[PDB]
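Novice: Chain by chain, the residues run as shown.
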Amino acid sequence: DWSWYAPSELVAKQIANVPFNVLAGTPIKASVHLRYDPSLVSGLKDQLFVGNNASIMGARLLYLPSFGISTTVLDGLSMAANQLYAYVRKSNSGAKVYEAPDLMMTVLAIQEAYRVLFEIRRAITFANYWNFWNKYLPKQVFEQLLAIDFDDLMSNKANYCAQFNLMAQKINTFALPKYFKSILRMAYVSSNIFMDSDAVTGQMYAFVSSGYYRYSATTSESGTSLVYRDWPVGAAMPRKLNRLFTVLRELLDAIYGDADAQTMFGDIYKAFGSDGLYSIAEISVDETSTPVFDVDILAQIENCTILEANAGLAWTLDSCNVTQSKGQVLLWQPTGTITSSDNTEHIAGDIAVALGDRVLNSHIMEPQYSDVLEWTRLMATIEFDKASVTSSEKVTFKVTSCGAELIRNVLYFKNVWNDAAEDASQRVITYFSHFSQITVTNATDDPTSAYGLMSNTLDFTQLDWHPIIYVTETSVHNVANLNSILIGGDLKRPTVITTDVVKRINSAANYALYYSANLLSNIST
Amino acid sequence: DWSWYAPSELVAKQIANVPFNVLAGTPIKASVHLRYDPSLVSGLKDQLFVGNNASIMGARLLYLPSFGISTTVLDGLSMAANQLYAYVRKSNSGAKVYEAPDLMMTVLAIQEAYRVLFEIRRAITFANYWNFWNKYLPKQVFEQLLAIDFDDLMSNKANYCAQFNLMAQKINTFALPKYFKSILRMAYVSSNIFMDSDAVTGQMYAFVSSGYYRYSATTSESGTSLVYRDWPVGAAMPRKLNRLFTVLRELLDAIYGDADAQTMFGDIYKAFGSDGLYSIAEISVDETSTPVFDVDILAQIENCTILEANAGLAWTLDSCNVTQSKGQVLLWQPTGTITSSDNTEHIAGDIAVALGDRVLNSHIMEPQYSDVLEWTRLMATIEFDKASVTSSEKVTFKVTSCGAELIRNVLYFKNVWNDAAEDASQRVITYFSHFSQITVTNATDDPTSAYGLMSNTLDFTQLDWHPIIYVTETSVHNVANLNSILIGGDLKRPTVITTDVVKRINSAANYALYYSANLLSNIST
Amino acid sequence: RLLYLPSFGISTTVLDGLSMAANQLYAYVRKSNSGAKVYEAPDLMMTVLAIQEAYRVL
Amino acid sequence: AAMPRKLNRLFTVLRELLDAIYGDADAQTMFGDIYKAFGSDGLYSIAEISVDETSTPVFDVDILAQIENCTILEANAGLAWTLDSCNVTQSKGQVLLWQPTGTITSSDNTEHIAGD
Amino acid sequence: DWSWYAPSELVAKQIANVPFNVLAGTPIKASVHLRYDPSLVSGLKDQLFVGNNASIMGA
Amino acid sequence: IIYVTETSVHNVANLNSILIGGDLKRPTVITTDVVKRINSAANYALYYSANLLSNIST
Amino acid sequence: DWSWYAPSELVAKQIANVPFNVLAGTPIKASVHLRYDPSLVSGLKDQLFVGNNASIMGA
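Protein chains in written order, with PDB author numbering: chain V, 66 to 590; chain G, 66 to 590; chain F, 125 to 182; chain E, 300 to 415; chain W, 66 to 124; chain A, 533 to 590; chain D, 66 to 124.
Isolated chain V, as found in the complex:
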């Protein structure tokens, strides 16, 4: 009780008055006094350390759009493709024109097209959110969290809005059944920005597609297929919007160039009414959305799994395309390669990592199956291909399973200050810091040593709900002479899931995203 430290209320209202005028992006000039013997310390000069780091801005979740590891006809896509082509032939008659996969493929292409368009919606809808208290916001966030040239967007807010609504109308002419619960997902995921707390001065997370998908018509060998090219994103130039459109252009030029294409849409319309197709609402220069505080989404994160488990290493990713088997089964399963940050070709003396049996943390005492399902699929599993490996080789791996979005890497930003510096543009640098999910005791934020695995700058704790950090300890450091692992993260009601269990659930969850039981249940004689 505060009443304890003051006589009358009125008197208290006067002795604790402290200003919280230290805006978001400004530096936290906190000080630590020091005392040592100058002749025994390498080069440290003063004996007073004034801070110059602002509270962390937030974190960028670079994800790979996913349909859920697909290897058998049982998996998500293949199944949906099935009931879909059905519902369509249902209303049609006569000669066959296109195979089932070739159709379903087209649909996805359209979905992934909207993915891009949506991130663009996000881009504009948020171009006007300003909240005095947080200087990061307006701009900075776009630059780092979304990877979008704010100045360019702000300066052309008019034309960009228009070019958008144009898209919305033009894409509306590309059939797409509004029943696919998967849409609702990606839509929500890349349409907002989430807060780690009900406070604006708090840090915030954002999801960002690391790429897109164009349709690649039946060449001569590979039957029709869906190609994936990378967003040139991670630590490069913070892309202007004209690049996001010029890509969408390319994206539909693909979906459209297929001889069968059009006649497909028609057949689709004949199946579901205009009321059965998705379409986004147009927006005005004034539309402004707000950061949101979704507990569930945070939880999804805290639990998730980072593919690039430790930024100290060099990661790769191939075979991300979506093909169709000789027997009409839709296939997708990304494979990658883990190598050392020095000899980009070998692994040498470094150690590859991926977690199997992982933790699951509930922020509710009595959790329930319902909450489990939701708080999961954001976490995935990686399996190594080879039994064991050599210093001269590469570490090969397949992705056994995962959720709707595959978390590739995660970066948290904060700008460091330095008033009085030559170039004005550089008195405030917005530096990033890699977030590694798996690490080791006695690790340093310098790749250089520690078997190739770096630790995380303790900054990260600023992110309430940050994903679980798993630290490995040699039998040496452990009090039980046996080596195990230490857990990091705000635990409340934790529990463990098997690599096997996770596989199960995702292999299932995704199936749901692309299926509707209601669909083939009301068709009469």
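Treat the hints with caution; some may be incorrect.
[As the list claims (entries may be wrong)] Label-pair restraints from in silico Cβ distances:
| # | chain 1 | residue 1 | chain 2 | residue 2 | range |
| --- | --- | --- | --- | --- | --- |
| 1 | W | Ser107 | E | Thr409 | 54 to 60 angstroms |
| 2 | F | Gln176 | E | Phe358 | 53 to 59 angstroms |
| 3 | V | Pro303 | F | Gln176 | 51 to 57 angstroms |
| 4 | V | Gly322 | W | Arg100 | 23 to 29 angstroms |
| 5 | G | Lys463 | F | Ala178 | 57 to 63 angstroms |
| 6 | E | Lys305 | F | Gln176 | 48 to 54 angstroms |
| 7 | W | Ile80 | E | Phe358 | 53 to 59 angstroms |
| 8 | A | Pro559 | E | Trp380 | 27 to 33 angstroms |
| 9 | F | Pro130 | W | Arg100 | 49 to 55 angstroms |
| 10 | E | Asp359 | F | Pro130 | 16 to 22 angstroms |
| 11 | V | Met302 | E | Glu410 | 20 to 26 angstroms |
Just so you know, these hints were derived from the structure itself, not from any lab.
Don't be surprised by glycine CBs; every beta carbon is placed ideally from N, CA and C.
Model the placement of chains G, F, E, W, A and D on the given structure of chain V, informed by the hints.
Specialist: Showing chains G, F, E, W, A and D alone in chain V's frame:
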């Protein structure tokens, strides 16, 4: 929305109902698969690391009872003394038989006596709390968080329970006025155990006195005074109540040993009355108290200041007594010393550390003057003596100001498990990790190097609301070539307070605690 | 006599307020305007202040 | 405290000021963009002065307070003060700059500080 | 009839609202691109002529 | 407020400090840093526009 | 008018909050930074003066 990922009301409840079969205390069997070349790594058995540490139990806040740094005829505490004294002598016809402090001294003696009795009550009360989901609770918590021999208490509870009730009745016949706001604090602090979440599985903090205060009219020429003897506590031998009562007996039989003090007791009943005095309540046959979820207390924690800023060093603490010179001024100002882990006498090439201008974090967006005052005083300021030092010197320091508690050192604990039981009582070890408030980039949890400053065993993040960790970075590591400091901890709405601004608040806060005057414009019994 | 030097608030950063304010204003103007980028944020802000200071004399 | 100036000079400078703002084709093209987005009355307007108008000294307490508390740059007239770099510039089309700097010397050696 | 060239009540107000940001007196920055052979023309700097005269005031 | 400095000599405490001048009533002290922080804000407030971005006019 | 230096009331209530916790008789630790040439000044040692006089009690 989970409805999305559920293809059937059933199929969901079917593979989502995962178990939360991990009772807090059992090991978190999380696993990390990893691949390397056995030829280039200094001995590492398998390529699969099974977890083995349990969620952290909680943390022990070893604090030194404080009256507010006071060294002046005006530094509050003395003011308060004159204040009280006046009210007693007020309508009393006898003759000056003891000066202001002489009295005040006596009272505090009684207060501190209770601070023990209370921790004792707490011990007996909590021996009845058991929860099927926290195997730490009953036992382990006592031994580590409160430092009380459980096995000993269990064997002789009834006797201790009855003994407590007897002491209570004795204490309730000692002249301590029920109006001292300070009491209510100390009582609440050493009566409960606080959770860091509304969940029982979560971790929990506890406050524990680092010692006690004896009354003695022989120890210093200037007059009656209170001496502080260290609780032999710093992770030595987890003490039994047997010892805890024996010390209280010493304490009270000591207050009773001064003819003067008794003559005072009298003067008090004369001016306060039967019920103008404090009274601690006995304990029923059923009584059992519960861990509390007080947010304000957590806040105090997060914000507090740890004296022993980094367990990688060796700390001292003397002159903790409270004296009085020239019959009108009270004195107390603890002083300590800082040396390296090797030469308990020199400081050598290690670096002394204390924080000045610090951070203040609110978990509420709109902090009110009220919330400030409360979340404050738990944080204190330490100032070095000489401006510079030699490896052959010691690094001396005083305490500028602090709250009513003053956190000395902090340790958190977890269980580490062992399948291969070479014994039986050796297969579940309870180990501790030191928590350092100030550290440096690239520090290790090994006392070994890092200029004598340890980093924190990363699992500390399990304590949502842990104290702010201030990490310093050499201008080298910094992206701004200027050295500063990094902040760690769940920040939401932060701000900064000045060394001086902080002193000023406690100077006030503490004064408020022992403030009486408000019983001088109106008289009772 | 209080001889004062008109101030805009010590500013030397891409964030020191005054610049923020500039971007702010600029956005609202360019907002529903179909023309093409003919001047950056400051270029504008600069003009405005000029007008302001003119008044300080008038 | 040089020569107590006449209005003659004060207008001539305003004329310079506005004819200067008008001299930038770019600036005008801006004026336009503004009316486009603010409107007839979205703009500031200073009022003319009537035949009778006469204003009075005011007793604003808040202003006095500001005074009492303020900070004088030239903290002590016993010295000699300077002040340069008062302009407001902009580098790399997105940041505004202004930070006045000065110098402090003795009343004798306008160049050194000597024993002051 | 403009209704014709407007696909949306919005998209129109979106890219048609051009500014009439040229106050009579300011210069009409109209431009004429042009290509020639520098060898056969008596000195002509660039190949882009930016306008520079304002609308006529009066007579 | 006139701030007058006294040499440890003139001081009754052999430690040098400063004397305060001006009709004080209810005083208090602000930090160099605490002051900067306020104007950094105050000034920003002056030229703050955004509050005309969640709603449009004419 | 204070309304001038803040957007919403609520936001202001947060940026000016200053404590007046400097009790009567305590010292007014106000500081004056200094800069001179040590070799030309009799005996003054530091270049920073922290106050230590409380507000006058009375007369």
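Novice: If a hint holds in the structure, say so; if it does not, say that too.
Specialist: Status of each hint after checking the structure:
1. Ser107/W <-> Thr409/E: 54 to 60 angstroms: holds (58 angstroms)
2. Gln176/F <-> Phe358/E: 53 to 59 angstroms: At roughly 27 angstroms between Cβ atoms, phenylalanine 358/E and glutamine 176/F fall outside 53 to 59 angstroms, so the hint is violated.
3. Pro303/V <-> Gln176/F: 51 to 57 angstroms: 33 angstroms Cβ-Cβ, so the 51 to 57 angstroms window is violated.
4. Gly322/V <-> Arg100/W: 23 to 29 angstroms: violated (36 angstroms)
5. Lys463/G <-> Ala178/F: 57 to 63 angstroms: For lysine 463/G and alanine 178/F the Cβ distance comes to about 58 angstroms; the hint holds.
6. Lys305/E <-> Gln176/F: 48 to 54 angstroms: violated (25 angstroms)
7. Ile80/W <-> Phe358/E: 53 to 59 angstroms: For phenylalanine 358/E against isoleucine 80/W, whose Cβ atoms are near 56 angstroms apart, the range 53 to 59 angstroms holds.
8. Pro559/A <-> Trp380/E: 27 to 33 angstroms: Because 28 angstroms falls inside the window, the suggested range holds.
9. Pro130/F <-> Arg100/W: 49 to 55 angstroms: The hinted range 49 to 55 angstroms holds for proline 130/F and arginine 100/W, with Cβ atoms some 51 angstroms apart.
10. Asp359/E <-> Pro130/F: 16 to 22 angstroms: Given about 20 angstroms between the Cβ atoms, the range holds.
11. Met302/V <-> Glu410/E: 20 to 26 angstroms: violated (50 angstroms)
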